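The chain below stands alone, shown as structure tokens; this is the form solved without its partner chain.
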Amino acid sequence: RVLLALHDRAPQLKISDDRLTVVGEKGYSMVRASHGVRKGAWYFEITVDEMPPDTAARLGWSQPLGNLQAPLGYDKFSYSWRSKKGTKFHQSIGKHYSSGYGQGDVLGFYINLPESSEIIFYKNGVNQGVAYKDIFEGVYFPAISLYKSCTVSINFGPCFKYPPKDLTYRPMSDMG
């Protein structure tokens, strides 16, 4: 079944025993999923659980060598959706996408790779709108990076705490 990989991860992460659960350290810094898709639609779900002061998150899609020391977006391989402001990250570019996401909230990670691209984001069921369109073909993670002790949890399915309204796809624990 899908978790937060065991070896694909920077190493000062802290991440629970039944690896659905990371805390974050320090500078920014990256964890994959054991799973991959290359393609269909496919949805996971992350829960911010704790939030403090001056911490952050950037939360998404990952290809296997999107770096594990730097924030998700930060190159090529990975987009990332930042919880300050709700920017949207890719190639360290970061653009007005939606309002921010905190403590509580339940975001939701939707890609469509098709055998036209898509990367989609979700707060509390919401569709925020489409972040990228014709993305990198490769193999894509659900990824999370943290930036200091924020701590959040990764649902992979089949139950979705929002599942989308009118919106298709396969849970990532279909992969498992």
Second form
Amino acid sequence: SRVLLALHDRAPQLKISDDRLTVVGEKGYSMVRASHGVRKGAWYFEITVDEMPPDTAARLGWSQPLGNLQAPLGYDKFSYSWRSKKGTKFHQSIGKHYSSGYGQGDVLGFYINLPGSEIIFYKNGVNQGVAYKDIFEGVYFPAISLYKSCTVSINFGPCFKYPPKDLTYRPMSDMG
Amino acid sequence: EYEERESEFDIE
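Output block for the form solved in complex with its partner chain, input the form solved without its partner chain:
Up next: the whole complex, starting with the chain shown before.
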């Protein structure tokens, strides 16, 4: 059993590939969560931005099961996101400075620690700092939210392109 | 005519 983009837990407008590892956005922000979530320990997954045409954008990260599928990631209390445009961090629809932007060809890294809890983002194997600490308790799922026709690919592991050497984690694939 | 923006749901 593999960790994949959930067929049951997605916005209908998103275009999910047959292998359930690739996703294309459609118009206004909408979301897909993975098939498996985490409750304790340190976990990791990667996202590759395959194509990001002009005006398109992504908000990538982690969402609890109640995260609104018809809204960007970071919209409500249930999720925490990292935006392609300006590297902004979002939670409860509040954008805060975090990193510089990301786009086409970039490999983004997603770390979560649920012991003080932490959310950490990586860009091409570079730790971008602690985006959020002492997060809302519950189960967290790898999550993708896309604005317009951009294409992203999710890698749950075990083999990452840029595996972090700075922190201990299990790949999301260990959930499978 | 208004079209949905990337920052549609954002407060800040």
